[PDB]
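The chain below stands alone, shown as structure tokens; this is the form solved without ligand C5P.
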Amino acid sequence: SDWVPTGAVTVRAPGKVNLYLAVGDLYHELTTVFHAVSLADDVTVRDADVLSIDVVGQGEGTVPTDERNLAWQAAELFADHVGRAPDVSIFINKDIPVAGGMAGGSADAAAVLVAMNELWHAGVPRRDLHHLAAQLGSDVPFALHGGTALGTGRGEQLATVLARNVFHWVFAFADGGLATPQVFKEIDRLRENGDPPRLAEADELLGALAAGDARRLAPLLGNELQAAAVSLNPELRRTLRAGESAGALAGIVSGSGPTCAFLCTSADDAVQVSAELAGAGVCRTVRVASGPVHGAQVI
């Protein structure tokens, strides 16, 4: 169903959820376990007379089509790297929520890097694409990488980890969005203010992933940005509680929010959870997905 015209390159790049997200000091130092899921954007790139961006799907109305778009920035950076003008049209069919904590703009940017490399057969190796991604944004490297990975530094340095099963997810999109800088500002505010708990080390969580054990994983999920996202959007507490009472093993805010993610034991539980959330009047719209999935790849 992807747009794949002759001459074009179409690339699918996944959204993410942070299974584990510890936030340090003052970019912020991060330790995170990224997990790529089957809610993805598909990006079709063609040679054209000028650089352009068109969007359908999530944010059809509102995602900018100019220099504000991370995909614009990606095309310019890649063109410069290989010594060509960025004369491509970019079409983004988005399932990843806008400003929702699943790094959809980052997916779009990673997809453009991959699509252009193929379109022009530029021979840019994966390590060089990684460097370009890191220049673009903190979550772009993971969008290239996919699977499940331990991100350090500010998230750009990645060590793959084993997630030895298919993991079943429900995502609850919020009515609006959050600006990730606002959410980082808020966690700093919360910490000026009190001395709330920090996550344990990621050891146990990584062990549960390596065992492929969702029931063990669930109570170990955690995201230090969640308190900031819920401080800003208190209604998220209703969404989380609803998903949990519907049968999710655990609910967590995804990244800087406001999307909520719910880990379920099985496909059938994700069926139940998504159906009840949709019926509970606590979020905008509901999605079912699985992970892990691949990083940005040509279709």
Given for the second form:
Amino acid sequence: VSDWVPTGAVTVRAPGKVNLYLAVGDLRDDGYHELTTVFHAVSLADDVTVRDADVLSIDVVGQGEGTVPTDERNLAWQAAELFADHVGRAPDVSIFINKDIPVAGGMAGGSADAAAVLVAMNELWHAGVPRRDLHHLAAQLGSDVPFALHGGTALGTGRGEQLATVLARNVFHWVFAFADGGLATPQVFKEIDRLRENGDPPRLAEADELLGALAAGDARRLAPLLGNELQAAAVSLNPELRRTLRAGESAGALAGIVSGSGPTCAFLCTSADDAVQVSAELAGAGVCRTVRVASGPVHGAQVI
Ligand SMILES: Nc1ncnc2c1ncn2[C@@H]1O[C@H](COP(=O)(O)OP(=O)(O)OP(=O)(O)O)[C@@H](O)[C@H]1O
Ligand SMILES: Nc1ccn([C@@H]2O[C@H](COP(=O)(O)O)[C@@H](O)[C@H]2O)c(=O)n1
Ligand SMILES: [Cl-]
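Form solved in complex with ligand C5P structure, per the form solved without ligand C5P context:
So here's everything in the complex, that chain up top.
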């Protein structure tokens, strides 16, 4: 009820994600890695207000306010052009991004932004583009965009774009530790390739047991099953992340893991109150930039 919702605008919330499970396979023909991941959408979201305008524009507040490009480099720019081309219209809209999702943090914030734009423009124009086509467009924009449309909890395969919804039969309570800087996703995938050239480090087991924990609604069962094969790459590049993980664990978290390609650390807690406690101890531990509490699963990109 603090969202920017001027008359004639359409405002869409799209959530950040954490990978509860991320197995990384072979580098494909197309230059991407085959993935098996369980995506999970959390209450740390971006809020995107789109309006008809005389030209395409982007403005950003919140996370990355100084920082995030507002020209063609922005994934929301690309999304606006793509959606407009799909519907046979010029991308004549102003896009305002109120960001809580960290920049370059492994929570797919730009992908949330791009997904929101698709949904917002469809509604703003009453363009009638069905969910399956919005999904195809999202897939063109990037691997994490379709999940940002989809929300909830989901098994991503292929590059991450092919989604099968899974049951997460509870509210799960999270603490996120935002890092001092960011990591470039391509560098983290390159780094896992490099770590596998050097040795044969351990791979995750099948997702079966983790999926069963999720379907049971059981955070304590789930915690030790969480895992992310990019975590070794992210900690290779940012060694300090081990201190962050150790601190959140020692603060009371059931489990900590790097989210995605990092450097955000995610901490699964047993209750809301437990996360209150863990987040406080962690902010005073001197190990990360800033801390958040969040819950999941939440809905995918949705008109507010
Ligand atoms: N709307 C946006 N929000 C944040 N970063 C953006 C956006 N558009 C383009 N970027 C650029 O993309 C990179 C960061 O993207 P993002 O913040 O989505 O990383 P991420 O959240 O780690 O992505 P993923 O976890 O899906 O790989 C930076 O190079 C940044 O300049
Ligand atoms: N499945 C995936 C997803 C992303 N990536 C790496 O991350 C980069 C960004 O991918 P997206 O644009 O799909 O987010 C790719 O160019 C690639 O280097 C990958 O190598 N395998
Ligand atoms: Cl979908």
